[PDB]
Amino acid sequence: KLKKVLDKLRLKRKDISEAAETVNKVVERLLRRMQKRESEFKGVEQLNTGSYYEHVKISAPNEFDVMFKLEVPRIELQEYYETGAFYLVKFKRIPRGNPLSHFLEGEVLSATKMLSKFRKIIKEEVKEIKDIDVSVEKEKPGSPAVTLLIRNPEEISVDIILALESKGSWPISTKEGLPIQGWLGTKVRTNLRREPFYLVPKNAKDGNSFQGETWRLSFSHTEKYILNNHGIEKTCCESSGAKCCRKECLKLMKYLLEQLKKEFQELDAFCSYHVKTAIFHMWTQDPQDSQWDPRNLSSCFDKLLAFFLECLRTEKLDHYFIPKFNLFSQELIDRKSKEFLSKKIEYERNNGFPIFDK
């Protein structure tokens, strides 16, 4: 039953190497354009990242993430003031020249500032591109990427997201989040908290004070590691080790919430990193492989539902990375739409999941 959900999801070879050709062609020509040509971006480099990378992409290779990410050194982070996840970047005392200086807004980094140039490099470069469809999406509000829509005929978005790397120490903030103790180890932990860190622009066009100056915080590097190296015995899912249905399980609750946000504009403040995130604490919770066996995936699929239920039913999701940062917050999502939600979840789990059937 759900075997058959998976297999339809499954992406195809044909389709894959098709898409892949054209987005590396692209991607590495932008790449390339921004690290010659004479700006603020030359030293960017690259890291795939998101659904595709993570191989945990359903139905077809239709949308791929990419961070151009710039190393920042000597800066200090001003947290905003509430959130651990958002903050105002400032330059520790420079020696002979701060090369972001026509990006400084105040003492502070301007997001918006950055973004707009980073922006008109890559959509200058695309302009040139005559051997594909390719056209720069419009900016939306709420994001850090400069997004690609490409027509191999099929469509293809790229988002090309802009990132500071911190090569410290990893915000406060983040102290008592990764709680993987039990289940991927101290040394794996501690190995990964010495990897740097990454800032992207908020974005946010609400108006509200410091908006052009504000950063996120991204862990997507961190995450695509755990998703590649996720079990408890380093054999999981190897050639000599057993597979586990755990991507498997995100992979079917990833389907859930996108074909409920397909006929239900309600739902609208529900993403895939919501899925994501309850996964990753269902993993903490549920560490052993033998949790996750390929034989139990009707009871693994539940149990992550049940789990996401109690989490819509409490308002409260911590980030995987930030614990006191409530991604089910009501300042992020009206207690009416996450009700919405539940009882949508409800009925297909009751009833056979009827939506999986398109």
The other form holds:
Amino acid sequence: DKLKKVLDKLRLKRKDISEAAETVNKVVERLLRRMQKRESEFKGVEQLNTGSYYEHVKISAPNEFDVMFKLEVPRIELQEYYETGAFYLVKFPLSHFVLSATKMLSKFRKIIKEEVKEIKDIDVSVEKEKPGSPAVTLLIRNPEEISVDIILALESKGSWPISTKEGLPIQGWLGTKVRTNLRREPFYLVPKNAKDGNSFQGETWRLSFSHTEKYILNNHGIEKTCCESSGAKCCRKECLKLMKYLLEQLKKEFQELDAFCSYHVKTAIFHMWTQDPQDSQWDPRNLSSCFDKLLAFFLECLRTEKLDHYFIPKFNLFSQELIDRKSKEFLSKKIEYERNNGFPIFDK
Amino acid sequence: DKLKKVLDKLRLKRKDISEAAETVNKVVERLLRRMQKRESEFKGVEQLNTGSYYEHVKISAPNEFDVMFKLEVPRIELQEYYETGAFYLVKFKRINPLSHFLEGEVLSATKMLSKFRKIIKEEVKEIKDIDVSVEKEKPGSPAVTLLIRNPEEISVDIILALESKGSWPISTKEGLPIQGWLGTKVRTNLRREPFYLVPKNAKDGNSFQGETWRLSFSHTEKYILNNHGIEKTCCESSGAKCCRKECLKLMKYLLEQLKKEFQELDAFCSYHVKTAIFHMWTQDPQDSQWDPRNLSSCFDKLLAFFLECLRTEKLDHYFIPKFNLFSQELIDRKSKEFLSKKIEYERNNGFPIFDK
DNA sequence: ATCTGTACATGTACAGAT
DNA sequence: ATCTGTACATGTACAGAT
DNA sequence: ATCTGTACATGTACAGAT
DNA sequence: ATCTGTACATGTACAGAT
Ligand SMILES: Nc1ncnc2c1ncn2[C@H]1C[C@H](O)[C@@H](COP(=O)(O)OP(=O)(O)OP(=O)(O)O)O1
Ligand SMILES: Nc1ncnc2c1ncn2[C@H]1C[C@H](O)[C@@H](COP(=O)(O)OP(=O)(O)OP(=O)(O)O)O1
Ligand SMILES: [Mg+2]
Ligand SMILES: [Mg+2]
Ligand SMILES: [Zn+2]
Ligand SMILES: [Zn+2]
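Switch from the form solved without ligand DTP, shown above, to the form solved in complex with ligand DTP and output its structure.
And the full complex, kicking off with our chain again.
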């Protein structure tokens, strides 16, 4: 009854979805046109929508949209940066860019920013660039505030990089056929736009599997009929929404939680879904246990400082390198706290 | 245990699989290549392997292969033949290498199949590598059948097909009722795939005899047989084994053995058993109603279901609901009651026909 | 010199074999 | 329980053509 | 090569029935 | 309270035409 009532609150309204979509769609379609019918280095860029709005796990409002502009590049040689798993250098139109991530992002951003100056019917500007974000972010204003991330991506049609050989461990959940077919899809690369000063900073790209993640979110049962009109509904997505909301609310309240992001929750629940594959373990009537064993799984990840990338097993999103220890026990007490008092933060 | 051992007899041997595939593939590759040559009307034809050997339900010996030579035919218009659901006239809206088979707008099936057949015959003459002849044409069959004598005997049905990429013909709207078993996304995807038309090729002196085509969904049946569980891991190396294909194999064998002894059964064919089990799989969607430890019971309910279809004279095509393969129009009641008796007799007496 | 239908190259599920 | 031939889907190369 | 048209998935919203 | 059935809305895949 409690968690159900929070999910009613988190539910997007049909009207809000329509108003945001037609304005987001107007901007994106025009932006896509410039990079094409104009003689840019990005002629051939194709649009692939990603993230929580398109996975139907957006909460609260339709105010954040993520779009990948992906560009096929033939026979690129990858070269893994210092064994990290997820970061690579790229080698062999694009001549003006070893292919520089920053050099290519800047021209892309230049093109976007120019075309936004020519938009006269929508209140839209280009947010100032952020370190560590490969996106060019639009800030739109219907009366309400909407944010669009335009992510630049390379598309390689080759065998996936060796670092993912043990990745995507869906074999007992979605199976070997699904896994083999998914690994036949392209894979993508996006700028590592960190501004730390470390060595190969400006030429490093990151592996992206947002297209695989979207398929999983929408094909998430061991039974083919899970959540379909002739199957049984499960509560896998509601748990992800609840865990996203609890992290959102904690991040509003505490600046110490700044190094956490919803992707950490997304990754943790891919692992849960793999360890509890049966749809009956995500039955709607057990929403509380499910949310709770998700909380405990997430605290075990904090306590051991271990949360491996679902596709890149050796890449630990929870290493000392990315999140100082103390940041983690801060989140652990805060989370054990909400847990052991019936989630007060959910009433605000 | 009794049925486990039948399956052991029925299992194909890798050695045989090997010697038979090496030959069969040689011939088919050579026939396909000749269809791309010169000013061939069939240039562009593409190969699709179908049937029980590629579904992995071929029993006893790998001695019968089925292959589809399908030709994409755009800008195509269908006239259902007399409300039968399965049979169609094919018309074109433009005036094409197929023109030599047109009869003002209407695409002649027997003319096309005849030209196809003459080419296979001519290319088989040039094969001096293996003992292989073209079997005398069989009425009702769209196939061109090769008999290969690699010591052992081997049949290959080369089926000629039109490939259309449009949405499926409305007589299938209510077909393929897999929503509760493989689900709606699977169904939507399957129905985006092409559909196929093969020559009906009967010689019954009925109107439009030589211009009637028949819907075929062999490619969809291939997908279903190799993706047959409600659970995605069914029969996979990290999932649980089921006995769905093992029931099919036992049913096919019972029919095969009886058909081998009793001429009364000429009207029957493995497609009848294959259809019945598609319905049984829809009736019982859960993989747990096909546990391997339940083989004798699973096989038994499939037999009961088949007897009911026989007795009530109703076995609806899985894809075309209004097309009844057990109508009086296609099989005498005496044919059906005869098979009913033999099935009931096998069932209530230890399946003595398995030991033959 | 560049283009492209044909076919080799690669990876793996399925299932027989040891 | 692992090793292994066939089938099949998709990436890529290049002799022969433009 | 680009774009429209079609089909049905995923949602939200709400009355009527359990 | 929840389940079921209809209406309403967007997202996405791809056939066919221009
Ligand atoms: N593949 C990734 N690797 C690292 N960080 C990521 C990745 N994907 C997303 N993030 C981070 C970026 C942002 O800080 C945060 C949310 O970004 P976003 O792309 O909008 O995700 P999302 O759409 O799945 O969830 P949300 O509901 O928060 O919008 O997650
Ligand atoms: N769609 C169909 N409609 C009518 N009869 C069919 C159909 N498909 C096959 N048949 C008939 C043709 C043969 O007489 C019999 C088996 O044909 P075939 O294509 O070899 O089937 P199969 O490969 O699935 O089974 P088998 O193991 O007996 O070869 O069924
Ligand atoms: Mg989002
Ligand atoms: Mg066969
Ligand atoms: Zn579900
Ligand atoms: Zn199975």
